[PDB]
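Visitor: Please put together the full structure from these sequences, using the hints given.
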Amino acid sequence: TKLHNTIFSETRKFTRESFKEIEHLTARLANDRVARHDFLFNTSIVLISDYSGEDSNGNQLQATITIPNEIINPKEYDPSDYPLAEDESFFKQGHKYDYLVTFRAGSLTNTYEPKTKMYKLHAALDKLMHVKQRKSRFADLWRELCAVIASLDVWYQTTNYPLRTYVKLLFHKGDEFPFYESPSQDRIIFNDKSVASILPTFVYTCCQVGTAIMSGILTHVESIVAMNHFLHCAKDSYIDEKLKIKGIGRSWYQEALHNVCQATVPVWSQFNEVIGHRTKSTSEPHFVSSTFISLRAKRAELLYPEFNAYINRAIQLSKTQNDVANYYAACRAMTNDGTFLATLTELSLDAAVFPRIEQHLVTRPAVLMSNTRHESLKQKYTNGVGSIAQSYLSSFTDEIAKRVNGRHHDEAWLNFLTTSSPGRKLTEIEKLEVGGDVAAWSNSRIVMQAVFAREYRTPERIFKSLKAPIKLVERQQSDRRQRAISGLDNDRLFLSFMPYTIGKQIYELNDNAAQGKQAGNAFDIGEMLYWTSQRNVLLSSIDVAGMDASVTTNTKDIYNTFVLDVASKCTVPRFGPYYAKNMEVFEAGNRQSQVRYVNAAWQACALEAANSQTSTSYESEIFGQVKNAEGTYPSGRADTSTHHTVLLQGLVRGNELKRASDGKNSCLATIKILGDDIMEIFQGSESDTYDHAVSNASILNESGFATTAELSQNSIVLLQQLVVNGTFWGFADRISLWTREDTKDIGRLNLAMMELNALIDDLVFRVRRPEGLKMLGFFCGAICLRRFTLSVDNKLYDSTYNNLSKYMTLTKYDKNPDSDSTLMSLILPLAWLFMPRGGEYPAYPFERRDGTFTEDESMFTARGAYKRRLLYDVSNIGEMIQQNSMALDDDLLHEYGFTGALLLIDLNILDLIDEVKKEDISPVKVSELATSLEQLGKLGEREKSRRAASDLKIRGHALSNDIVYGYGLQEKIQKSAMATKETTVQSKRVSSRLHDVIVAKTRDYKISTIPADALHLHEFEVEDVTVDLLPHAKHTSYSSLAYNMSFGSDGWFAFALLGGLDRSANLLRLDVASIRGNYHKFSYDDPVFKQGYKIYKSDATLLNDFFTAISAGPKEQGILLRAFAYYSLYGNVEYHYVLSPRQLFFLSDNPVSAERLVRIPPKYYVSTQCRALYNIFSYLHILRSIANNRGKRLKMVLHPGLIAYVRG
Amino acid sequence: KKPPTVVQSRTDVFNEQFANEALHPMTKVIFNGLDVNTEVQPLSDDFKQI
RNA sequence: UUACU
Ligand SMILES: [C]O[C]1[C]([O])[C]([C]OP([O])(=O)[O-]P(=O)([O-])OP(=O)([O-])O[C][C]2O[C](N3[C]=[N+]([C])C4=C3N=C([N])[N]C4=O)[C]([O])[C]2[O])O[C]1N1[C]=NC2=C1N=[C]N=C2[N]
Ligand SMILES: O=c1ccn([C@@H]2O[C@H](COP(=O)(O)OP(=O)(O)OP(=O)(O)O)[C@@H](O)[C@H]2O)c(=O)[nH]1
Ligand SMILES: [Mg+2]
Ligand SMILES: [Mg+2]
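Line order of the protein sequences matches chains A and G. Mapped onto the deposited numbering, the consecutive letters of the first sequence carry residue numbers 5 to 1212. Mapped onto the deposited numbering, the consecutive letters of the second sequence carry residue numbers 108 to 157.
None of these hints come from the bench; they were simulated from the model. Each hint should be verified, as a subset may be incorrect.
[To be verified] To spell it out: a stretch of chain A is covered by chain G in this simulated footprint if at least three of its residues, at any positions, have a beta carbon under 8 Å from a beta carbon of chain G; those stretches are:
#: 1; region: 1031 to 1044
#: 2; region: 1047 to 1054
#: 3; region: 1193 to 1202
All C-beta atoms in this analysis are idealised placements derived from N, C-alpha and C, irrespective of residue type, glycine included.
Guide: Listed below in structure tokens is the structure:
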């Protein structure tokens, strides 16, 4: 007490009385404003110091805790900080301090009256300081800051760490916190008006640095150098200073890798296994040593001199390639706090989406054909930058016209007009004349098409939406500045769709039109891991800077020729509101109109290409309606990922045709373009590759693009994932644990813990200490995510309290006039943080009866039905096999409180809140709307998919809802009833049904055990003879193949003992998601693939029937079947487990690799799947218990009922 | 007893699997006598020597 | 109050 003298802070594990201490302290420290203020701010902790330590390496470092006077007493408002023009039309152009300058809370005030533009300015700058500063992911702002600072007590066992001194000196006023947030009234309301305006961001910076201290990236003395740099950024503008440091403060490793010089690295093979290690001497070549002199001058003056002195030690002291990796991830977390950079978007309209013209103008095509209006129909390039691009691209127009021919587009329209979002419109007067139900539905894309289903074949539909202005959606990232993107309505989305479908088929044609991120694991980098491992290579990785701006309308035209020249050779009838007809076409070098025959693709593309309006128009609370000056790329259209992929593919590949055209070689190997991130690979002498590396820059420089500049020997980046030397560097700070800003799919639920488990698994190979990150995710799982607030009604409030207080304490809340619902919040005990259905989080070692403790669950622990074994693991599984019993200890589960958590599981609150929303909406109003949707499409025999889904279920077994087609017409409507709210009349019958669920399950509870589990109760016994260590472990012994895979760690040894990554599994999974919406982690759940396999393995003669429930085409059918037949070696449907490929990057997918590690005495092989089921037993317990693996080989013993259960 | 710190025993399995070679024996000087390295005990302790 | 891959 408090949390640094606990028995858990010493061991660090769950003794039977130590778990009652952590329950008592965190629940006390949760639901008090006061207790929290005790814990962060006792007077017993000294002020710290002239501190000294060792900056994450062998050497030592000292630094002083300095706080500037711009934070301890900030200035006044200075209204020349956010000036206007001569009119009040927009902010002054070229203004600096575009973000929220630190000015001391008090000074903003309104003076004058509710009009006269400047009042709406000070009112909206108040929305910047009070509303747009908080973005707390799980809990409120103060519970989250206490979650590091409590976990940072428990891990380091003391309170002499100097992060709490920044907690004390930056804010302490002796009665109460300087500021809190309301939730109900939605703003941060202050309690000291003299405190800095910028401080609610400094919670999240103290949050993130303590996350980095816990991760092991930064030590204690290094976080001094961190925190001083952040407060130095806060002198004038905390983010405007950070965005200039963001470029300099991480470009410095190319000097330190140069100075290290000769560095011994692993190498990879073509099929990404480690085959060798070589010592390859990193001295970056002569022409980037000239970029060191120019860059180190900018390092000297733009940076804080102690942050600069930390960098200049990392150039000089670094001795291995591992050593630069230590400083680089640690200097990277000094330049970021993970806070998403949020201001009012009128400030960032000038910075983000204003079009720039970098130097050259791009000239126009020779228009060859034009219809009755003089506009571009067919056009060809003449000796420009585009003629380089169409030298490569125009060859594809003869093949894509048979792939863009052979889709039938009206079908692919309704499948791309999934993902319910917005149309721009607020429907209007005709929202009354469609219905009051479909009034509230009217946000989704699939619904705003259904309301206007009649207009889809008229050509005046698209003409009446040129009149509709495009509205600016804003969305922000982790380190980029506040960015805007254009939310197009359904008709401006329509014209961009045929350029999206044409530019999509170049992806299957050309490898180098490249990788979508379905792998999650090593195959997203297994390209970059190979070419860096090679000899005589220089690697360039190009970002252009800003690539929304740059695309003027003329640069946009290079994609327009490629989309036209496909559509002429093709034959698409009708497409939409068109039809293949007989147009008057001017043929340049003819006098006189000669009528060609045009198809609908042709017409549509010409119209869209001609007509293009680009401006985004944002309605302001300050100004009237600010409109972006057009000529940007309105990045939401349909083709916002293909227009920057197909373009840059034409410019760089087209270069090596033009260089080959005039007697120079090409000397370029594979290039991976996901727009805008260009990444090409060169080979030859150090002079030949550079003669090509300039021209790839210089043609992009003369295309009107600002390529930033990046290249090196042994350095390469793509999709914000650094690969170097054949090792993977992390970028840990981009996963901010504690900032969301989504305002969409917020959980304080079971689903709020899934949002922790997915982000905790993002950081398992970006961390230097994954055990410490498990300590951090536990207390933030404990302290923050603890309380579920529910509005009952009064009569049921009495017995809702009495029934649930039997097991776990439920908070009660003070009674209400004249709203008739009291609030009350349940307290969700710490066992629920470990449950299979609740929080699926890996545990600490518990106590058995005697008690010899369980195994400490590591970061590689798989989730779903495995956390139900942890319940049996407490009951001494080895003992159970001794007495031959499936019996269970109700004493030990009730003592910790496992029994009080599975009640909360069985109450099933989440789908019950979904059931009442499913209860209220009439399915008759949905069906008339959704019959009109299938009128646009197929046309007929989407009915045969509903028939195939229903024929399959009544003959066999349930194939569930989202997957099969016309239900996933119906399910795509449903999400707006899911969206448009919980509100109070529906919320009063939430409590009536839940209280009926309560009084049934409280009336008695015992742990419900199923016949479907025998099927844990197996325990491994350690022996005295060691494993072999898989000779690629000698190669990755040095140096630091990932961050946590340092020599003699848990992740390295798991990559050594468990071993390997096959190519054979996750190529077919990389082949599966090319069907079904690929661009990210795609973790193995995949409700097509698991549901189809449970029919394939046990059951399938029916498997003809639910392929047309997918409406899987014959090609699409071929992908899935090859993955089903390979997923029949391993493993079982009967025993469920889930991990993510983000959780185990280089570790193997297969339980086949773990059967090498555990002998099974072969009297246990007792069923036909039973060899394939014992592998998962051998697979998981190695990954679960890896922190207690000496390198012995464990052996399996079984309960005879587990032998008896699988016999059947 | 001792048993040392399973990180330091995980590198024990890595050590005794991937052994290497050392100990060059050359020094190597001129000796104009007989370079004696070993001694020989007598084969039969039989006689006292009063 | 809210976009596409
Ligand atoms: C029906 O019911 C409901 C719920 O329940 C709610 C929620 O609440 P909550 O959030 O839970 O809260 P919390 O957060 O928990 O808190 P804490 O953080 O714990 O602490 C606190 C604090 O807070 C505050 N407060 C403030 N403010 C502002 C407020 C408060 N309280 C209240 N009650 N209110 C308000 O406003 C303080 O200060 C402190 O500090 O909610 C509900 N909901 C609400 N509303 C609504 C809902 N739903 C739907 N609808 C509506 N309207
Ligand atoms: O939500 C998103 C995020 C990103 N994009 C993608 O953004 C690309 C354009 O954005 P850029 O990638 O060109 O921005 P920039 O790098 O020049 O900005 P700085 O780092 O220099 O500060 C587009 O080509 C697109 O594919 C989106 O369309 N939507
Ligand atoms: Mg870029
Ligand atoms: Mg980018």
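Visitor: Can the region 1047 to 1054 of chain A be counted as covered by chain G under the rule of three residues or more with Cβ-Cβ separation shorter than 8 Å?
Guide: holds (count 3)
Visitor: Is the listed coverage of the region 1031 to 1044 of chain A by chain G valid when you require three or more residues with a beta carbon under 8 Å from a beta carbon of that chain?
Guide: holds (count 6)
Visitor: Apply the coverage criterion to the region 1193 to 1202 of chain A and chain G: a residue qualifies when its Cβ sits closer than 8 Å to a Cβ of the chain, and three qualifying residues are needed.
Guide: holds (count 3)
Violated hints for the displayed structure: none, as all numbered hints are satisfied.
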